[PDB]
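Consider the single chain below, provided in structure tokens and representing the form deposited without ligand NAD.
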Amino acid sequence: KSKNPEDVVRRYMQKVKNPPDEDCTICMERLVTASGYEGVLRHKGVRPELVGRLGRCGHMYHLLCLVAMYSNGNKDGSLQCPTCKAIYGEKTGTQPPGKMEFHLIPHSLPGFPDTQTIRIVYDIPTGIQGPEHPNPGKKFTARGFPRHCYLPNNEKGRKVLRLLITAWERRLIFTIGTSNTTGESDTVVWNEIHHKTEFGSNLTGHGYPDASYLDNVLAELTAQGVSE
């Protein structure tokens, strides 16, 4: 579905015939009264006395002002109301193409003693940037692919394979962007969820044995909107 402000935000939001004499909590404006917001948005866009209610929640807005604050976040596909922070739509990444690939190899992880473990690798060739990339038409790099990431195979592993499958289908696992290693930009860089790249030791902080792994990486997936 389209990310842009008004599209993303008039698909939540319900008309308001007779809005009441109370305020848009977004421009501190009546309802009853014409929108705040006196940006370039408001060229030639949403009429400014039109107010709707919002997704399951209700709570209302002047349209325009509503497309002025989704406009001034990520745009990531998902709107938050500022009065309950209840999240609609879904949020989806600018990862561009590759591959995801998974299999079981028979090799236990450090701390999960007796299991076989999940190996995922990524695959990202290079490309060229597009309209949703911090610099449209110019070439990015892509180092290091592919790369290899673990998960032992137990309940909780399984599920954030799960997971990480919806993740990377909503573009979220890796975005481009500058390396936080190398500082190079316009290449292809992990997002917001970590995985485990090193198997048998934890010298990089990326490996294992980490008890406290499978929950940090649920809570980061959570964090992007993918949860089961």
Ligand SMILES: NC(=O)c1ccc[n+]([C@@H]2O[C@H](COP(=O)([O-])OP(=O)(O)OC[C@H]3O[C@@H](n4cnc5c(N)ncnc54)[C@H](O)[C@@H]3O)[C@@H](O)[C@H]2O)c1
The other form holds:
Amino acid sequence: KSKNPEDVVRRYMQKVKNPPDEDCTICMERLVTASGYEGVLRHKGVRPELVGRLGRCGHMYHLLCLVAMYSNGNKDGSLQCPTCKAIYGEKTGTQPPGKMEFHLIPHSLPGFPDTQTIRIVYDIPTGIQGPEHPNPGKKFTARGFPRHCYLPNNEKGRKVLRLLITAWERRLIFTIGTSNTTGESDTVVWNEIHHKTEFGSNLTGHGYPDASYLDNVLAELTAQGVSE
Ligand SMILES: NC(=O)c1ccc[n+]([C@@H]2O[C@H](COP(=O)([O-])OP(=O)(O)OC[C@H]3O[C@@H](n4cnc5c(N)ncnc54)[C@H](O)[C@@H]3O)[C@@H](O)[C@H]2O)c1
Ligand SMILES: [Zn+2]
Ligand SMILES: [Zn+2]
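Please could you give me the other form, the form deposited with ligand NAD bound, since above is the form deposited without ligand NAD?
The next block holds the full complex; its first chain is the one shown before.
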């Protein structure tokens, strides 16, 4: 679905014909007068007097104000109510094309005796940045692929796997930007969902044992809108 500010906001806002004489808590003008936003998106945009009720919570704003607020964020397809902090829509990312594969291997991770291991492989080729990327039309590099990572095959690890698959489909596992490890720009980097790439030790900090990891990555997934 379109992630553009006007389309996203219009998707979740229900028109109010007779708004009350109360403050829009985005622009702090009354809902019965024009939006206080005067930036570039007002020109030939949403009529400034239009007011809507947002999503399930029903909080009311000038439509133009929520368009501006959404535009000043990540524009990831999710829309947060500034009053009650409920989030509407599905957060998706800018991960480029590639493949995600997984299967079981007959080896136990440190701290998970008597288990098999879910081995996940991500493979992302180089390509051309799209309009969603920092430098559209410029090449992006993809270093160190295929990238292997590991989860124990237990109840919680399988839950994490299910959610990682969802995050992958929502283009949230990788992004295009600058590597904090190499300094290279215009390159495919891990996003904000940590993966364990070191199997039998934790000298890198990205390995095992780590008794907190599964709960930590579940929290990271929830923060990116990926929950069960
Ligand atoms: N030519 C190469 O072999 C080459 C070059 C660059 C990166 N890489 C691979 O990518 C890693 C660097 O990460 P990046 O450039 O994508 O993003 P990054 O360095 O900008 O870090 C982004 C996120 O990924 C985490 N992260 C960093 N290294 C990780 C690792 N080995 N395993 C799991 N998570 C890691 C970070 O904590 C952070 O949360 C390298 O360690 C390597 O595995 C390989
Ligand atoms: Zn307003
Ligand atoms: Zn609300």
